[PDB]
Structure formats: C-alpha cells, structure tokens
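In structure tokens, one chain follows: the form deposited without the ligand.
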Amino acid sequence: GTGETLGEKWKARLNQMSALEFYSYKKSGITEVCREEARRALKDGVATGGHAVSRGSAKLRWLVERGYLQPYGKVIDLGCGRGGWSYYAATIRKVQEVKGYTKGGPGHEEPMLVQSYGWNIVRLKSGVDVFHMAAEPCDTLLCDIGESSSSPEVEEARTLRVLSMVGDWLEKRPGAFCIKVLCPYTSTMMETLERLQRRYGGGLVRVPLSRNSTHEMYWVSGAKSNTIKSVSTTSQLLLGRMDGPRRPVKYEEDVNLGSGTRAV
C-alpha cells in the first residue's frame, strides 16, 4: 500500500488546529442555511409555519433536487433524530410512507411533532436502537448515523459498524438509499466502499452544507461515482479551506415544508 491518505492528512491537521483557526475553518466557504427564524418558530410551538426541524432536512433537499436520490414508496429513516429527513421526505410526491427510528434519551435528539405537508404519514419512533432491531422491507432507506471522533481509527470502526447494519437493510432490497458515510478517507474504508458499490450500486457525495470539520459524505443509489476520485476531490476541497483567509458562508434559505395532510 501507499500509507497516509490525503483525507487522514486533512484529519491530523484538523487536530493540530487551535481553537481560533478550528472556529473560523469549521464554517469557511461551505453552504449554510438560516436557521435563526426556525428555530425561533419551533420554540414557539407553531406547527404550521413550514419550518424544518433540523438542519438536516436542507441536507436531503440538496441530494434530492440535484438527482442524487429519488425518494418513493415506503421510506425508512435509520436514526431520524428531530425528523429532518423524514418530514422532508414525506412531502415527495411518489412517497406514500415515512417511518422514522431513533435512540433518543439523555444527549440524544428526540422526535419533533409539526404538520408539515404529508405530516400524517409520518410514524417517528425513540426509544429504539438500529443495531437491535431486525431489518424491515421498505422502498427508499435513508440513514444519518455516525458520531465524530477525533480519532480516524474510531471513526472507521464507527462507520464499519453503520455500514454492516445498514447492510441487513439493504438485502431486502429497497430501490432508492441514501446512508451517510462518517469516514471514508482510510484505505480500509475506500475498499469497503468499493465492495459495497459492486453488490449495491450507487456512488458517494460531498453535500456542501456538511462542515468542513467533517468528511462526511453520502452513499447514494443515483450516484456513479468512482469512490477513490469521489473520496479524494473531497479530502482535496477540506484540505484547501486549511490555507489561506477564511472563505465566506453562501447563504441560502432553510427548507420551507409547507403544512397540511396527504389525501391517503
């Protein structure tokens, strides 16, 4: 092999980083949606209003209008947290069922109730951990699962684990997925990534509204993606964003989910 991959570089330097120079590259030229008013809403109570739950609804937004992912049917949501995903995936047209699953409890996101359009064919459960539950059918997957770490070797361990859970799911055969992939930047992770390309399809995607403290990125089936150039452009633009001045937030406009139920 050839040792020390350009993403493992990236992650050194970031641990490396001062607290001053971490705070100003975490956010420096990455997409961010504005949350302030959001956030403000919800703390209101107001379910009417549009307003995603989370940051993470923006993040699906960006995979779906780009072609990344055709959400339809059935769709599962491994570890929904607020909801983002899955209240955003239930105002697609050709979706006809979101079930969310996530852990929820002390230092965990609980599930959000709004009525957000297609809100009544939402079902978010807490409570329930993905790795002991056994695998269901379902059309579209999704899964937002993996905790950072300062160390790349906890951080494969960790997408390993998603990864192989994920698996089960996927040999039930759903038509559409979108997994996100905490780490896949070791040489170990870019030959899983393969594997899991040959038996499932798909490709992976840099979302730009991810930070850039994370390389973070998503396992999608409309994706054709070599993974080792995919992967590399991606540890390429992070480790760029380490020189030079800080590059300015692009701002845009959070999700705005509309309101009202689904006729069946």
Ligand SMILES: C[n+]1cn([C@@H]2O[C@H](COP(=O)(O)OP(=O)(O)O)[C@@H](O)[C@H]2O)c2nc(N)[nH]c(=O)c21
Contents of the next structure:
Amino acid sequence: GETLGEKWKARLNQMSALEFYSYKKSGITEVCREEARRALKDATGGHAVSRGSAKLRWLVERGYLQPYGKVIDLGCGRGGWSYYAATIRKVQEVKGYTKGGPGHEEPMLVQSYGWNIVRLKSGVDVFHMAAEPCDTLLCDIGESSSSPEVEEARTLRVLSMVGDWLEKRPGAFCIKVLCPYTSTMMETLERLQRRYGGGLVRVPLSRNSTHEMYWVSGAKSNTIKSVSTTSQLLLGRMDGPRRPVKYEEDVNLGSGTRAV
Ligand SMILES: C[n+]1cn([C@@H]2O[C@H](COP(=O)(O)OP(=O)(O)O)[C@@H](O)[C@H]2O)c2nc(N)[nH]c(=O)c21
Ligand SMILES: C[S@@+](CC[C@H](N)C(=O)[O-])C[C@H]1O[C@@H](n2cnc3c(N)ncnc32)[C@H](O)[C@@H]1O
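I've shown you the form deposited without the ligand. Could you give me the structure of the form deposited with the ligand bound?
Time for the whole complex; same chain goes first.
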C-alpha cells in the first residue's frame, strides 16, 4: 500500500506556491546566517561556510555520532561538514570530495579552527572513486526531485556507493538518506542497518519540504518506526496555522591552526 511518506510527497506537490512557501519552514529549527553570509561575501571570524555545519553539529552534540581519526566527507560542497569536523578534538585529518564545476558548489577556503588538517578536492565524481579506509565516513549527497521514484533511484545509487566505503568498517558514520519513505527504501535501510549498524535520525533543521533523514552510527532506532514518525510529523504540519520557526545561534567554528 501507499506509505505515509508517499502521501506526504503527493500532498506537497499539490500545494500552491504560497502554501508551499509557508509550509516549508513551519515549525522548523533554523540558524541565523545573515552575519556569516555577509562576512563570506566580504576567512576568519569563525563563520560556517554553509548551514551544513549546524546540521552536523546537531547530531554530534546529541551523541548521534562521535567523529574521530581520519574523516572522509563525500559530497563536501563548500565544506560545512568538513570544517565542523576539523574542530572536534578526536579528529586528526579531514578529506572532502565534491563535483564542483558550473551549477554546483565549489569548496570554500576559510581559516576556521583546524583548517590546516582539511583538504577539499573539487572536480571529483565520488561514484568513480575507489573506496578508501577511514575512521569516520560522512556523505551528504542526494538531490531532491518532485518525483518520489527519482528520489528513490538517487538514494539507492548513493547507498550502493556508500556500502563500498562501509565495507572498510569506519567506526563512525553519517549518511544522508534523501528518500527513506518508499517500501523499497525501508527494506533497503533495514538490510543496511542489519549489516552495518546505526539507525536513522530526523534533524529538525531540515525543511518540511524534504523527507531527508540521516543514517548515523550512534543511533539504534527501528527503521519503520523512525521513518513513520517523521512522515506523521511532516503530514501534521500541512494542517492548521503556520508554526513559528525556532531560531538558534549559528555555529562559531573559531579560528587558528591545530597541532598534529
Ligand atoms: C519550488 N518547489 C519545490 N517543491 C517540492 O518540494 C521538493 C523540494 O523542494 P526544494 O526545497 O525547493 O528543493 P531543495 O530540497 O533542493 O532545496 C521538491 O522536490 C518538490 O516536491 C514544490 N512543491 C509545490 N507544491 N510548489 C513549489 O513551488 C515547489
Ligand atoms: C547537499 S550538499 C552538502 C553540503 C555540505 N555537507 C555542507 O555542509 O556544506 C551535497 C554536495 O554533493 C555534491 N555531489 C553530488 N553528487 C556528487 C558526486 N557524484 N560526486 C561528488 N560530489 C557530488 C553536490 O554537488 C553538492 O555540492
């Protein structure tokens, strides 16, 4: 039968443009980015290069993963996850890879704390990269589509690639799951959790217009329960008034080099 997430996606696509604009941020958590954006336009100051640092911070501060050692960041974009990881005491090296080029984000070079242990490489298609051993595996790849089947096909592609890296047995991981809400995806995620561990978490900084969840090494949740709970939350926010955004301070990543 049709899943709750599938019902959500269909209703999402039916919304008027004005309905959608309000729904997408209704009741979500958001970091204030005005200060960081203006500074990145005008390398110090501790500003995060994207709102991605705050998403990974949310997971790390709650114990959903504990980065350490050599960190590989697949789909690093501007570098928000890589620069956040470099501030963590147990992390020793961060290697980010991203496609870049026209139409896509290129790595930004900033001097937040630990910048000297970060290497971001653009021009790389991770689907044509040989997997390498690492201690912490991060991946934030998954482009939204109005078609749930396209989201499924894209997520299956990401997860097939990520499995090659997980075979090296990193002790910590955080993998974006763009589409967790179809029957095929739930079965796939259950099998992956049985093989590699971890569990799925919804980060409240995600907009209501995406069903993305993060498969993280420090969770133990049931696939069906965690996905359905997220679908119910997203469906419930489609009814009634616009709920206020919960704003928090953006992450300050400090400055300076690290001794290694
Ligand atoms: C611009 N837009 C996007 N969506 C839906 O919202 C999903 C995500 O839309 P997005 O958040 O604008 O893209 P992003 O995740 O890359 O930032 C899309 O795949 C569509 O299903 C939209 N849905 C409605 N009803 N109206 C819109 O204008 C609209
Ligand atoms: C959602 S962004 C991640 C944001 C990042 N975590 C941050 O905090 O700034 C994902 C990035 O993955 C990149 N990407 C998508 N497919 C890729 C591929 N096949 N190889 C390398 N990078 C890819 C995209 O270009 C995009 O910049």
